[PDB]
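Letter by letter, the chains look like this.
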Amino acid sequence: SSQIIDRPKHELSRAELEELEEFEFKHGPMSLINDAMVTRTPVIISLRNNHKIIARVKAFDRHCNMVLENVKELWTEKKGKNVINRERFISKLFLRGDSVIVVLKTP
Amino acid sequence: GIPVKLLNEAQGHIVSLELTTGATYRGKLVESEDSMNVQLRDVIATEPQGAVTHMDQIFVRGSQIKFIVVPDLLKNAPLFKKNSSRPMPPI
Amino acid sequence: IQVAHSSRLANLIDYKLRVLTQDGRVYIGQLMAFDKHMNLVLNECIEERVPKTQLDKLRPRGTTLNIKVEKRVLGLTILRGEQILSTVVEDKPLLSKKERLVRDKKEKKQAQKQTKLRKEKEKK
Amino acid sequence: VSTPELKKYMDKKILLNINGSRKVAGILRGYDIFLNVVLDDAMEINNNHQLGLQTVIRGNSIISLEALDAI
Amino acid sequence: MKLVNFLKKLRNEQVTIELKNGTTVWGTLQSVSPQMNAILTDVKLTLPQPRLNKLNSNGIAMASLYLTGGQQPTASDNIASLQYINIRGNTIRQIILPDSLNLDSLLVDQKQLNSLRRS
Amino acid sequence: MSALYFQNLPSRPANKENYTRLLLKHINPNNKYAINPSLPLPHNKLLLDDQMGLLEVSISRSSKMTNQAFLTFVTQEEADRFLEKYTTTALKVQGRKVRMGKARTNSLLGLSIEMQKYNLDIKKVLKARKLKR
RNA sequence: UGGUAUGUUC
RNA sequence: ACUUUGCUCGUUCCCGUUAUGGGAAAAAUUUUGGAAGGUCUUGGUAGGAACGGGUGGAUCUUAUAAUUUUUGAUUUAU
RNA sequence: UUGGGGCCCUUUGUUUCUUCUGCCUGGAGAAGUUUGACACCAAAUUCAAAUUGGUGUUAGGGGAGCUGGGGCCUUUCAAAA
RNA sequence: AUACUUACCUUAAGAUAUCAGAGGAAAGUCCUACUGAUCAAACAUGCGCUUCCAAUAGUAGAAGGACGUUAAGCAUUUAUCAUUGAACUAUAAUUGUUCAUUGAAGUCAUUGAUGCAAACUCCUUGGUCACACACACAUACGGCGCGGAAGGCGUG
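Chains as they are written, first to last, in UniProt numbering: chain A, 2 to 108; chain B, 5 to 95; chain C, 4 to 64, 70 to 132; chain D, 2 to 47, 53 to 77; chain E, 1 to 119; chain F, 1 to 46, 55 to 125, 133 to 148.
To be clear, the hints were calculated from the coordinates, so they are not data collected in a lab.
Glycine included, each C-beta is placed from N, C-alpha and C at the ideal position.
Be aware that a few hints might be false.
Said to hold, decoys possible - Computed cross-link-like contacts, EDC-like style, restricted to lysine to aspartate or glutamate with a CA-CA straight-line distance of at most 20 angstroms: (1) 9(B) with 128(C); (2) 79(B) with 90(C); (3) 105(F) with 122(F); (4) 79(C) with 51(B); (5) 9(B) with 17(C); (6) 39(C) with 37(B); (7) 93(A) with 99(E); (8) 111(E) with 62(A); (9) 14(D) with 75(D); (10) 93(F) with 136(F); (11) 76(C) with 26(C); (12) 73(A) with 99(E); (13) 111(E) with 20(A); (14) 79(B) with 50(C); (15) 86(B) with 26(C); (16) 13(D) with 60(B); (17) 32(B) with 6(D); (18) 20(E) with 90(C); (19) 24(D) with 60(B); (20) 9(E) with 70(A); (21) 93(A) with 77(E); (22) 76(C) with 51(C); (23) 86(B) with 112(C); (24) 9(D) with 38(B); (25) 9(B) with 45(D); (26) 111(E) with 70(A); (27) 79(B) with 38(C).
Claimed, not checked - Reference listing, derived: stretches of chain B covered by chain D, where coverage requires no fewer than 3 residues with Cβ under 8 angstroms from a Cβ of chain D: (28) 9 to 23; (29) 33 to 46; (30) 84 to 93.
Unchecked claim - Pulled a few chain A residues facing chain E out of the computed Cβ check, cut under 7 angstroms: (31) 55; (32) 59; (33) 62; (34) 66; (35) 78; (36) 89; (37) 105.
Working from the sequences, and respecting the hints, build out all of it.
Have a look at this one:
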């Protein structure tokens, strides 16, 4: 429990590694995504290229890569005064985990 | 792996490497590492906007390297051979 | 040129590649070797780049665009895998697949003979 | 993993370019396996203003480290 | 759970990989490496213009498309149709999947199910 | 409507679409079709392939008649004007000069143009069935 | 129970 | 579905009769599998099998998403 | 066996499998073919030879047997109708 | 070559196709020259499969180069910063202009760089194969000579 969290991972046994992954997904920061996976509530995800997606999480992963359904991407584009809101609907999408900045669970 | 070992073959021969900032360096390769850190000696250094200077030695961190150009004979080095047989290693 | 559908980067030894890097530069050369980090070794690779002055002819609108491309020649370079972005195949190898097979069987014969000799020489 | 080969640069004046623009010159006192380096009496070459009595540089930000002395 | 083992299951399906340049690669997908090195075959690299007049696009990725060797010389937009592209894994931002495939068959990790039955 | 007949063409292009486009480049360089590859060619069954009169080419792979091909034009006059373009200087495709002359029999598409200027098709198909005998 | 390296003797 | 019963039709043979019934089975036909032989072609012709280990190299998983390559500071931005 | 015609010889170290003999009024002769032979490189003993350490080469075509595979035909056997 | 002397080392683990079914040492493990289905590799072997394979009836041509010449081509555009003195225009602390002095750096180039375009010369590469010098074709074109190169698909 706590002792496997504190110990360095090169010492831990294989079953302890699998146990720590389940523990950090259940009682952790990524537990947020897990709740929205199970309660089937949409999340708002803010990407590194200044695009915002609204979607439901079908699966997620250690690197925060996630399979999403009913994805809606929102972005805005500006030159000088001019600004345009563009929006796009995608049915099913894989999202590599390194782009995400913040993930918000919708009430 | 083979490319890092090819860089170890080129020790003592004039290599030319371009860093990720844009600078070019051409000099003897004194020492190289498994991490690709290289130390060039008697090096002619071209800055990104083009100025050339002379440096006595330089140590570049190998993370910053784009490419390295080694001498042209090293295509005949034996680490490129596909079909090769070993002498049954000892205890 | 057609490339086999199940041809990974280990099959494409001695083909002529077209490696693309992050700064918009293309490296063209015979592929010699690769690694876990995907850092190649290219035999006669020639760097090309599009100058900033030629670049606005690429922007979407004559019939065919003509881009003078600044190329430098370098030889037997090793690239670094961090910079590589995607690779495309330009030309097939010099030797045919049958003729490549013949060479490989020959080289296996000669190598086995040489280590047999080195063994029997260290015995005496 | 493997410590960098800077045993010959110890206690000698050295100029290294932090990031891509800054250029810091100091006496090299120690190094790490990440190529962190700590050098005394640093100065930032542009007029050039001194940094402090003892500085450490994260080797993530070092590109090249040429030596302005004998070696 | 690693979703790369999910992504390896696809193996013969028309995807669209949207990379970090902005360039999008549409094509039939062959293998995926354990570092997400996609190898696609019948690909159609393209670079979407931003629909607002004054905004340019990525300029480096324009150079990258022309230098692939596949840009049609008469073509108006930046498209390059080329057999066999190979893509290093850190470049991929997102992968637009097909509409048809069932997620609830594919997302079952056989190894997780294996250990969970065993223990 | 009069089809020209060409001997001494190269017989190694193979694919008809590739053969027509390469020939048509050697006819009129910087043509519309020849300088844009991966355009569809018009199929004009009973859209000029090329301006200045060229309507179709027609080759076959039949081992009797390899190098020969037949270009059919819009009208009777352009057929004679095309010879005028040579002006007694032989056209050359690849490294071989192409002798050319008006055909002993007009083209089928040329007959379709003149007849519009299907019973004919009945006659031709019965001819084909008689030649199958 | 080893390897590579070094230099001396014959 | 099994068992008994007469009636109607039926690939082939026989009989009662050529209305039709009874009996027999593919023994005539085809497709599928195998053996042998013929013909034509295409490839090989000095190694091969079995056993073995403190044997080399590939691929895969985990350390490994924490500064030196792949879990983002190169869409030039406010 | 001899003669004639055509084409080829840049085969450039004049057939390039190796050695030795040899050639343009010619295309030839002898010996050899993988635990072997041949070519070449480097040294130092104070020329050469000697040895030790290396890199290569040992081929192309046709035939007989022996054998792997396909297509088509015949016979025989079994299950389907 | 031997031998002797030192000096430097003497290690990340684990694995070898998957799923299902029968058997052996209620849960799972292991195994089966066991059995199905999928996958992958090699080797044979085929498809009326798809693309490509250069004049000699001629002095050519195709593909790719030149880090080749014309060439100082033709058209644009570039060549420091601070301090002090002097004249100078001026709405002006003297902003503008010219000459000299001290200090600081300073890739070479200006016959350069950049934009455009054309001619010429030359290198590498290829079945420079066989039969032909032929009146075809709407279902548009016997893809009904032998090889070779590269892929696609199928079987064993």
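Do the hints match the structure? See the list:
1. 9(B) with 128(C): Measuring from Cα to Cα gives roughly 30 angstroms; hence the hint is violated.
2. 79(B) with 90(C): Answer violated: residue 79(B) to residue 90(C) is near 23 angstroms, above 20 angstroms.
3. 105(F) with 122(F): violated, 31 angstroms
4. 79(C) with 51(B): holds, 19 angstroms
5. 9(B) with 17(C): Holds, at roughly 19 angstroms.
6. 39(C) with 37(B): Cα-Cα ~17 angstroms, so holds.
7. 93(A) with 99(E): holds, 7 angstroms
8. 111(E) with 62(A): holds, 15 angstroms
9. 14(D) with 75(D): Status holds; Cα separation ~6 angstroms.
10. 93(F) with 136(F): The hint is violated at about 34 angstroms.
11. 76(C) with 26(C): Holds, at roughly 18 angstroms.
12. 73(A) with 99(E): The hint holds at about 15 angstroms.
13. 111(E) with 20(A): Satisfied, since the Cα-Cα distance of roughly 15 angstroms is no more than 20 angstroms.
14. 79(B) with 50(C): At roughly 19 angstroms apart (the allowed maximum being 20 angstroms), residue 50(C) and residue 79(B) satisfy the hint.
15. 86(B) with 26(C): violated, 33 angstroms
16. 13(D) with 60(B): Holds - the C-alpha atoms of residue 60(B) and residue 13(D) are around 14 angstroms apart, at most 20 angstroms.
17. 32(B) with 6(D): holds, 16 angstroms
18. 20(E) with 90(C): holds, 14 angstroms
19. 24(D) with 60(B): holds, 17 angstroms
20. 9(E) with 70(A): holds, 18 angstroms
21. 93(A) with 77(E): Violated - the C-alpha atoms of residue 77(E) and residue 93(A) are around 27 angstroms apart, more than 20 angstroms.
22. 76(C) with 51(C): holds, 10 angstroms
23. 86(B) with 112(C): Within the cut-off at roughly 8 angstroms; holds.
24. 9(D) with 38(B): holds, 19 angstroms
25. 9(B) with 45(D): violated, 37 angstroms
26. 111(E) with 70(A): violated, 24 angstroms
27. 79(B) with 38(C): Within the cut-off at roughly 17 angstroms; holds.
28. 9 to 23: violated (count 1)
29. 33 to 46: This one holds; 6 residues, not fewer than the three required, reach chain D with a Cβ under 8 angstroms.
30. 84 to 93: Check failed, 0 qualifying residues.
31. 55: violated, 14 angstroms
32. 59: For residue 59(A), the interface hint holds, since the closest Cβ of chain E sits about 5 angstroms away, which is under 7 angstroms.
33. 62: Hint on residue 62(A): holds, closest Cβ of chain E at ~5 angstroms, below 7 angstroms.
34. 66: holds, 5 angstroms
35. 78: Residue 78(A) check passes; min Cβ-Cβ to chain E is 6 angstroms, inside 7 angstroms.
36. 89: This interface hint is violated because 10 angstroms lies over the 7 angstroms limit.
37. 105: Violated: closest Cβ of chain E sits about 19 angstroms from residue 105(A), beyond 7 angstroms.
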